[PDB]
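Student: Given only the sequences and the hints, what does the whole structure look like? Please build it.
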Amino acid sequence: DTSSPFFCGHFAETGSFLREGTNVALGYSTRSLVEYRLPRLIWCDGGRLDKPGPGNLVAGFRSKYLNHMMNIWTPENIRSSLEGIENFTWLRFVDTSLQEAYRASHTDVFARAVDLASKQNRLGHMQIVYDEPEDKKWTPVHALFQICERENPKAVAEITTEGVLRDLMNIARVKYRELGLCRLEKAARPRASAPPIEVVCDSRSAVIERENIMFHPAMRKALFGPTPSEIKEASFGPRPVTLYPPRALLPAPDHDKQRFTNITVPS
Amino acid sequence: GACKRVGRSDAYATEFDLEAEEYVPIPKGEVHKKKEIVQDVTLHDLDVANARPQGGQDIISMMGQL
Amino acid sequence: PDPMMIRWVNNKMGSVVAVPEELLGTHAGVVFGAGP
Amino acid sequence: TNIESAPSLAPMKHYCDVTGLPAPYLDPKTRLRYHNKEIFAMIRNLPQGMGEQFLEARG
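Protein chains in written order, with the entry's author numbering: chain G, 1278 to 1544; chain B, 199 to 264; chain H, 443 to 478; chain I, 155 to 213.
Mixed in with the good hints there might be a few duds.
Just the calculated beta-carbon pair ranges, DEER-fashion [claimed, not checked]:
| id | chain 1 | residue 1 | chain 2 | residue 2 | range |
| --- | --- | --- | --- | --- | --- |
| 1 | I | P161 | G | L1393 | 56 to 62 Å |
| 2 | B | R203 | G | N1398 | 41 to 47 Å |
| 3 | I | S162 | G | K1341 | 41 to 47 Å |
| 4 | B | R203 | I | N190 | 28 to 34 Å |
| 5 | B | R203 | G | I1362 | 48 to 54 Å |
| 6 | B | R203 | I | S162 | 35 to 41 Å |
| 7 | G | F1284 | H | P445 | 41 to 47 Å |
Note that these hints are calculated values from the structure, not bench results. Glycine included, every Cβ here is placed at the ideal spot set by N, Cα and C.
Tutor: Rendered as structure tokens:
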């Protein structure tokens, strides 16, 4: 006897079994019964303070002259204030650049995490290699102020012969695994699920904005991984090339039998 | 450099018969309208727009909690 | 005869790595001594 | 010579062929563009031999 939690949304019921015989196509028809009906003046034309259409004549000027001209993170407005007591004095010594800071001060928390996902750490390795009394604790001058990046006991701990400190830094995972909290059957589950509420606005621009925000294929690509065609064109080439999801940035689910769903199978 | 797609033009309206676009007529004016606008900005809007990314590419704000 | 899988096998004598023929022209043969 | 006539390739706005008003939808039985339900009634009860003459006047 299989089961699942209750579903609050509005799917599409199949008509009959004797019609769609072999070659059928599933459609993502999940919509919320809770709706929110907006006109095409507020949701599309000139009600949003971000959409730069006619009538909303401010949103182009305000976008340009607050994100690219009068901005204290554009590289021209950093290059004039980097020479002394001034405000971007410290930027030479943190392991960044002007383009690094300009990309870090405009993207999301998400896209900045994807940019962190393809940066090989090296200041932990300095403590492994450059570890002599004669070597006077060498740090690169363009990475000088990253002190806590440099002296880290974890980097030395991951190298030692006996793992007497690697059995202390992640003992939470060992205690969580040895209690059997991954093989234990999930006792509780939510009693109702629902898709997120969408706007019933009857323009094509609303459907374009919904399928570019609610789905937003850049985050889906950065979350699930690369296409196998991309893996073929990156692994049969003559030279090594990089990938924008360098690995599948989906986190490993901490429950082995039931991952990311609520569906229950009897046993 | 701000662009908006208004719709599909009504000369290409009945290409197919049940397409789903917003069929709007061709504008009966100029193609190059030149107008000037005087417009104000408060310095607090400069402070917020230089501190945190606002509005345009801040798509992770749809979570809501933190 | 796999297209993109590089085999490692470690037995009691030694341990050898086999590379398919279809990857020697690619960039994966620069370490193994084939290259482009 | 005399082969300088040229056709077109563009979406055509299809009008009614009973009246001259703009008509957005046709029929399965007789394939006539028609404006509303009065013209649909007069299409579905017209005497035989004329439903082909409307397509003959149209082409």
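Student: Taking the hints in turn, state whether each one holds.
Tutor: For each hint, the structure was consulted:
1. I:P161 x G:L1393: 56 to 62 Å: Hint holds: Cβ distance 60 Å, inside 56 to 62 Å.
2. B:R203 x G:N1398: 41 to 47 Å: Given a distance of about 43 Å, which is inside 41 to 47 Å, the answer is holds.
3. I:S162 x G:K1341: 41 to 47 Å: Roughly 43 Å apart at Cβ, these two residues keep to the hinted range, so it holds.
4. B:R203 x I:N190: 28 to 34 Å: holds, 33 Å
5. B:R203 x G:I1362: 48 to 54 Å: With a Cβ separation near 49 Å, B:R203 and G:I1362 satisfy 48 to 54 Å, so the hint holds.
6. B:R203 x I:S162: 35 to 41 Å: violated, 27 Å
7. G:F1284 x H:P445: 41 to 47 Å: The hint (41 to 47 Å, Cβ to Cβ) holds, given that G:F1284 and H:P445 are roughly 42 Å apart.
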